[PDB]
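Participant: So you can see what is in the structure, the chains are spelled out below.
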Amino acid sequence: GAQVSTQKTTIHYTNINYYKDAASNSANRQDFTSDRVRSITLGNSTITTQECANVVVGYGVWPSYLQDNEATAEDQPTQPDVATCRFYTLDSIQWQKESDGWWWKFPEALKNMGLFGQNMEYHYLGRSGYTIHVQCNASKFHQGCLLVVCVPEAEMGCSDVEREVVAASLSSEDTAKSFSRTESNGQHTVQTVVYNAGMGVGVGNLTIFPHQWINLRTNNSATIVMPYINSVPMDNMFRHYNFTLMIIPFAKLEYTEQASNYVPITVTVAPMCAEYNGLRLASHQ
Amino acid sequence: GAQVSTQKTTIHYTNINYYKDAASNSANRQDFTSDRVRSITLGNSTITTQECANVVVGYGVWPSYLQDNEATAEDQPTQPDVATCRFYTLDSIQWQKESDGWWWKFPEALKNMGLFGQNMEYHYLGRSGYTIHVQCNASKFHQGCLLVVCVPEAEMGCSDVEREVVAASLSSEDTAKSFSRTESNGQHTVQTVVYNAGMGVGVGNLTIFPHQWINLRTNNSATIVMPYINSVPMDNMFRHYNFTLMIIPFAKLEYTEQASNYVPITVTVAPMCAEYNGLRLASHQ
Amino acid sequence: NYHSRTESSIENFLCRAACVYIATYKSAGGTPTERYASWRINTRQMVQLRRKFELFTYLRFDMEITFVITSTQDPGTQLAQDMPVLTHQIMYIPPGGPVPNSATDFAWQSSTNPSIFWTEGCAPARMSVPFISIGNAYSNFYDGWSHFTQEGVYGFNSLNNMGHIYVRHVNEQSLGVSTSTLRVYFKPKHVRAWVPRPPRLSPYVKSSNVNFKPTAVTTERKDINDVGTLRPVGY
Amino acid sequence: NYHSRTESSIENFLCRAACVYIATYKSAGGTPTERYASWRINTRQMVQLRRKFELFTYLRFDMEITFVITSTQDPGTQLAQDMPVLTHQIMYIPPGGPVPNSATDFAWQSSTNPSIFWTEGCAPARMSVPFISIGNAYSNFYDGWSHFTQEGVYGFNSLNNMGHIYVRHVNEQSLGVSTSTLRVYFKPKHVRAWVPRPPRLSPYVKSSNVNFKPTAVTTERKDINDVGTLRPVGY
Amino acid sequence: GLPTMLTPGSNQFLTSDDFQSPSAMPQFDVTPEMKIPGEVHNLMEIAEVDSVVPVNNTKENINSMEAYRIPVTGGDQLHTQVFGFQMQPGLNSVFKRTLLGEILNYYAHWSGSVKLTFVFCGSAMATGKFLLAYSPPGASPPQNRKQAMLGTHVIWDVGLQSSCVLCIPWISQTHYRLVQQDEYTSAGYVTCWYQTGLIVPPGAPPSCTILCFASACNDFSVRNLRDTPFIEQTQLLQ
Amino acid sequence: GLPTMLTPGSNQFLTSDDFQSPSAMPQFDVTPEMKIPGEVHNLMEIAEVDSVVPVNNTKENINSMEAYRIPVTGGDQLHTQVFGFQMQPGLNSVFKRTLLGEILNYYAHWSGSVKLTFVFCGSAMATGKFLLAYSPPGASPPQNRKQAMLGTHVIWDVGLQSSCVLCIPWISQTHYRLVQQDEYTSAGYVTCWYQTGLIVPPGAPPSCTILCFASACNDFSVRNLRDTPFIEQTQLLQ
Ligand SMILES: CCCCCCCCCCCCC/C=C/[C@H](O)[C@H](N)CO
Ligand SMILES: CCCCCCCCCCCCC/C=C/[C@H](O)[C@H](N)CO
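Sequence lines, in order, name chains B, B', A, A', C and C'. A prime marks a further copy of an entry chain. Going by PDB author numbering, the letters in the first sequence line up with residues 2 to 10, 24 to 47, 79 to 330, in that order. Going by PDB author numbering, the letters in the second sequence line up with residues 2 to 10, 24 to 47, 79 to 330, in that order. Taking PDB author numbering, the leading residue of the third sequence gets 55, the next gets one more, and so forth. Taking PDB author numbering, the leading residue of the fourth sequence gets 55, the next gets one more, and so forth. Taking PDB author numbering, the leading residue of the fifth sequence gets 1, the next gets one more, and so forth. Taking PDB author numbering, the leading residue of the sixth sequence gets 1, the next gets one more, and so forth.
Note that these hints are calculated values from the structure, not bench results. Here a beta-carbon is modelled for each residue, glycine too, at the ideal position from N, C-alpha and C. Among the hints, a few may not be true.
What the hints assert, rightly or not - In silico DSS-like links for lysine-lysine, alpha-carbon gap of 27 Å or less: (1) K142(B) - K222(B); (2) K276(A) - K35(C); (3) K115(C) - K106(A); (4) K129(C') - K146(C'); (5) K150(B') - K267(A); (6) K115(C) - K146(C); (7) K156(B') - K222(B'); (8) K9(B') - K146(C'); (9) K297(B) - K276(A'); (10) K142(B') - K185(B'); (11) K267(A') - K297(B); (12) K260(A) - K9(B'); (13) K267(A') - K150(B); (14) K222(B') - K260(A); (15) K146(C) - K156(B); (16) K222(B') - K267(A); (17) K146(C) - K297(B'); (18) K150(B') - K222(B'); (19) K115(C) - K297(B'); (20) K156(B) - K222(B); (21) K59(C') - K115(C').
Claimed, not checked - Sample of chain C residues facing chain A (criterion: CB under 10 Å; computed from the structure): (22) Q12; (23) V30; (24) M34; (25) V49; (26) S51; (27) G84; (28) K96; (29) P141; (30) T228; (31) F230.
Same shape as in the complex, but just chain B:
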């Protein structure tokens, strides 16, 4: 009551709140001023990245548990620390000259690997942070570049307008969907053009989301420690994708005549501090 402050040019302003609701006040609009390599050992499967390589820690935050301060569940059964933390390796996509790009959808891309698809198949809720590590074996005469990006909530538009999308075309089971350098003509598939990144945004503007570059000159691999990002604290993993990887080569790979032409790319994700709630004797499928 009877407050006095400053304004952006003595000069002041005395505004009072005449209402009994916090959402009825005005807007605030004022500020009060042979060699050494590191080895991540998580679960029982290690990696070897580099000594000199940076590791991007998500949106600044490390993946952590959901404390009692911000829980809305009723009862909380156990979360495993060894059983689902291993560096699970997915299928190896093959990089060629005219390769467009690849994507994944990770809450529905680990359903077969280990017990991570054997805990979320029973419990109703779910929460896990991820530690993606994508690698390609380099050489000094194999120029080319790569961009990885973990876009969260990557709503993808359908190929034909006034249609929805189908779950068989949005995600795949073990394979990464290609990113046609042209336009898909499908009636129910996804609009998978590469210069719009599926969501309709400019594909150069995918650098806000945690991103790393796998430039074949000065980098061999890339590791993004993505945190669990969702509005609700807990949501089911079978009808919701938390984020989406996108591996789009900005510069095509150009080898020479007497050089290898079967350069692979693997992804080696690992769920960190995976929590579950609501055990129901379901056994989903």
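Since chain B is already given, all that's left is putting chains B', A, A', C and C' with the ligands on it; use the hints.
Facilitator: Okay, now just chains B', A, A', C and C' with the ligands, sitting in the frame of chain B:
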């Protein structure tokens, strides 16, 4: 004057009363945080209920007198403590297999018993709390249930619309009116269907009013100590019913071939602290 | 457990203004009952407020009455061509007062009565009334007769003695004919509610007693163990 | 370096009222859907506000809704000749409430609903609404299906459950016929914005999903080393 | 005088307001206060009192009183399901006219733990065990006892105690679920299965009747207010 | 009562206001606060993240992905200009759909220092030097290396380091230059020239691809707010 308080989300509100009337202010909308059996001996007639049985004490309050703090009468003649406190026993209704239900209207159901119908026949005003105790003799092979409820101000709708009700059909003199499991076709009688409880409400929703269960498995009797509930402190007992008992069997009684088939039900009310005012040499009828 | 109730209180459940009456009164000569519009003060006319009151046996509150008086133009001939603003007069009549037979009567002075004059195009007129009864509570249910010999009316229609609101126009309207509609709104505050009681399952049929037709308990489902739908409504 | 940012804040970028809906409703008998005008509460109808919201994934704000309700006169015959002011009623319907089928319905009492009556020739009507959702943030993008077996709708059209604003006239209009248009404005305040994301390059085509046609990145210039113009456009 | 400016919101009639107003009966004293018992403070105290739920709500039964009595026949079944219902306190036919439902139907959002207490009305000598299991939304309704056992459950011995109570837990993605529950913000199925089979001696009738009482636990809350879609009218009734 | 006077400005609806208003949902509690990561405070934090700029924005190339890859062929050139563009962050085709441009296009005035970081995507063995020079508006665009050398420039050794960064300086007559730059309040041309010529060994491919990242330096500011002339609509889309 110049008050400051909190609102439901620093943030406050200063509201002043600009008027000289208490009913002109705004709404408040803010909070400032062989075996042992008990024997009730009342008057000169006892009962024997159980050691383990609960007794429901009305709407929380015990029946008490009307003190000088809240009296609006002119002169207050005497109230008896022995003459009208006995456990008066009414007529015994007979429980069969397809028995629908029974009700009473107690300020006009004790007019013949004792002096309780010989004090209220003379005095103008009246006030009494009641101590209903309904019993049925049990056995281990006589499954069935019962619900008693003392609904206050049980306005009952007539059988035919755009009609009133008649006093001969609303209450009875010594008998309990049945609750047709079907619909009454009368032109002036009461709408006495059992799945609407007379008042038109759902008969499952009679559990707000002080209620007790006479489940034949785990209970032999039931005792409700109802208090005097009325807006005006004193009103005449011949043109006003304070409340209404309703004995509705939710589960029908199912005996076997070699078992008794004449299970009775009695009600044994007793007025507690009955007060009277306004002696007029009337002798009503 | 930190999910306490604020909008479940007895205030916020009952401090909302509900429409109680819909009147209609013209402004022409002939048929003098069409000029004014009388209303005995019930709460039992409209259902949307009646079910909220008939959860509790007794009540005690202070009220905030408001009126959205709107008017139209009646068809035909000899219309206004041009028309100044027309003001309305709302008069309360206490129980036992003289009522006007028609418009332009002798009794429209209202020396004691709390009349209120309202102009069109403004905010709706508002007044506060206190807990006004002879009893200690507005009883919503009166299981008892009027006379001591058990005749007369039966039910709640013996302690509802709150008089009438008689509304009229106060312009002569020399040229045209135009009706107006009155919509009374009751918003009880400082509410106290005693002795709760179940909601009315059957529909309402009258404003004099608790007449009703015997209705079913709930709607019907398929079986005893029907869980509804196992998959969506498609396929 | 003393050029700090004040008008680049999350407040001043989003504390500006944008138009969200354009309704139209008449005031005559016949075709009862033309009397009222319903609107499920999206922000996805108008583009000018939609692109400002779809820079951030989640949001949380309190809002200030305003309506500039203007009306015209419909052509033809039997016109008013003279006409008093006509008032409008704006009713919010919560998710899971009874909606009116037409005008002069039984359900226009709005005992619980926060209706607001507005007269023409005044200031535009204004109200504040808090952060109202079951979740912790107004999610602008929901990459997930409705049902756990991966059918139903897909996209943001599963957590947009905010009910509808149903507007009507409350005058009978005995003589004439006259439409009115409703223009809803949303001005979110106390805004917090999480997880930024790129602007939509392609044009919008739908209000149900993120459908789009594959557009070019930018416009075309002449060569790789085109500096535009070396002299002005003359000569 | 004071040069005020009329903000938007002038000359309006918002219903859910709190404004002062002049009095029509000035200096009018009231009748003094009396202590009528049962002064309720909050509406949710009506939703803490048990009201029988019409569990056998079949088409023929609803009109009759026999919609509140759930059959528990005695014999060797071991597969029969005594009852099952989606635990939707607002839309479900079972709970909508019950007291918890009627107060809840007034309020748009519901958050809390419901308690169902199933009394046994039967001969004293009868003895049996029943498994009542709240299966969370998960996948499909329990169809055999082995399916029900996994979900939270209570084994009740009818003989040892009548009136076993199950406090259905609040496990939900959101703090509040809409009373008009959709597939999203829905609630799990609740079911009851025979564990041993009722054993009734020769002298007592084999059939017995079990009834269901539903009242919210202490932690129940409502969030919005709306018209009840249960009562209606046509004209000004006179 | 108080004899106020209604000033001009009464009964108006100025959009960019800050007024109080009564609440439509009174006493409505909210869901409690959660810490979603990435809580941005100011919009300019999106204009501090690099976004690739389509430097090769030719007519055929823009539709294709090959508009972001700038050619750096290996051979003896010593005159070829790899790229040149007027440094107009708002209107220029090169920077307008980039993240810096999109936030900037919302705001009418721009003041600060842009940073262009040019990464080299090429074989490890490749080595070369490039001179990137910001020539201020002065007179005419640089057309030969000797002309570019005078203006501020950085020599980048591709072999020693990839990702050389040029922070284009803010030299301007006015504190703020309009996003729709005119001849007045315009900005100088930026150009890149070969210094030594890329030397790629026999085992590696001669051609290489260089990409450009543009993000504002810390000292960037916006001054006004306006409609974006990039997105439009026709009707109420349904
Ligand atoms: C401003 C002029 C009109 C003034 C009208 C006088 C006040 C209105 C009467 C108050 C109504 C009291 C609330 C209800 C009373 C009865 O108990 C119910 N109708 C029960 O049927
Ligand atoms: C004054 C009467 C009308 C009251 C209207 C109720 C408040 C308006 C609803 C608030 C809208 C919330 C902001 C956006 C919600 C959803 O997240 C977006 N539509 C996402 O599509």
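Participant: Run every hint past the structure and note whether it holds.
Facilitator: Outcome of the hint check:
1. Annotation: proposed proximity of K142(B) to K222(B) holds, straight-line Cα distance about 17 Å (limit 27 Å).
2. Restraint check for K276(A) and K35(C): the C-alpha separation of about 48 Å exceeds 27 Å, so the hint is violated.
3. Only pairs whose Cα atoms come within 27 Å are accepted, and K115(C) paired with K106(A) is accepted, the gap being roughly 26 Å.
4. This hinted pair checks out: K129(C') and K146(C') have alpha carbons roughly 15 Å apart, not beyond 27 Å.
5. A C-alpha spacing of about 23 Å is found between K150(B') and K267(A), which places the hinted pair at or below 27 Å, so the restraint holds.
6. With a C-alpha separation of about 24 Å, the suggested pairing of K115(C) with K146(C) holds against the 27 Å cut-off.
7. Between the alpha carbons of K156(B') and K222(B') the distance comes to roughly 17 Å, so the proposed pair stays at or under 27 Å and holds.
8. The straight-line distance between the Cα atoms of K9(B') and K146(C') is roughly 71 Å, outside the 27 Å bound, and the hint therefore fails.
9. Our distance criterion of 27 Å between C-alpha atoms is met by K297(B) and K276(A'), whose separation comes to about 25 Å.
10. At roughly 17 Å between alpha-carbon atoms, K142(B') and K185(B') fall within 27 Å of each other, so this suggested pair holds.
11. Between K267(A') and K297(B), the direct Cα distance comes to roughly 25 Å. Compliance with the 27 Å bound is thereby established for this hinted pair.
12. Annotation: proposed proximity of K260(A) to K9(B') is violated, straight-line Cα distance about 41 Å (limit 27 Å).
13. Of the pairs offered as hints, the one joining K267(A') and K150(B) holds, with about 23 Å between alpha carbons and a cut-off of 27 Å not exceeded.
14. Straight-line distance between C-alpha atoms of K222(B') and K260(A) comes to about 25 Å, which keeps the hinted pair within the 27 Å bound.
15. For the hint linking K146(C) to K156(B), the alpha-carbon distance of about 25 Å falls within 27 Å, and the restraint holds.
16. For the suggested pair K222(B') and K267(A), the alpha carbons sit about 19 Å apart, so the restraint of at most 27 Å is met.
17. Between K146(C) and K297(B') the alpha-carbon distance is near 34 Å, which puts this suggested pair outside the 27 Å criterion.
18. For the hint linking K150(B') to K222(B'), the alpha-carbon distance of about 10 Å falls within 27 Å, and the restraint holds.
19. Distance hint between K115(C) and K297(B') is fulfilled; the C-alpha atoms sit about 26 Å from each other, no more than 27 Å.
20. Restraint check for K156(B) and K222(B): satisfied, since their Cα atoms lie roughly 17 Å apart, inside the 27 Å limit.
21. Note on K59(C') and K115(C'): the hinted pairing holds, with a Cα-Cα distance of about 26 Å set against a maximum of 27 Å.
22. For the restraint placing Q12(C) at the interface with chain A, the shortest Cβ-Cβ distance is roughly 7 Å, inside the 10 Å limit, so the hint holds.
23. Given the 10 Å rule on beta carbons, the hint for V30(C) holds: about 5 Å separates it from the nearest Cβ of chain A.
24. Interface hint at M34(C): satisfied, since its Cβ lies 4 Å from the closest Cβ of chain A, which is below the 10 Å cut-off.
25. With its C-beta approaching chain A no nearer than about 8 Å, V49(C) sits inside the 10 Å limit, and its interface hint holds.
26. Hint on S51(C) holds. Least Cβ distance to chain A is approximately 8 Å, under the 10 Å limit.
27. A cut of 10 Å between beta carbons decides the hint on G84(C): the least distance to chain A is about 4 Å, and the hint holds.
28. The interface hint given for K96(C) is met, as the beta carbon of that residue sits about 6 Å from the closest beta carbon of chain A, less than 10 Å.
29. The interface hint given for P141(C) is met, as the beta carbon of that residue sits about 5 Å from the closest beta carbon of chain A, less than 10 Å.
30. For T228(C), the suggested interface contact is upheld, since its CB lies about 7 Å from the closest CB of chain A, less than 10 Å.
31. The interface hint given for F230(C) is met, as the beta carbon of that residue sits about 8 Å from the closest beta carbon of chain A, less than 10 Å.
Hint compliance for this structure: hints 2, 8, 12, 17 are broken, all remaining hints hold.
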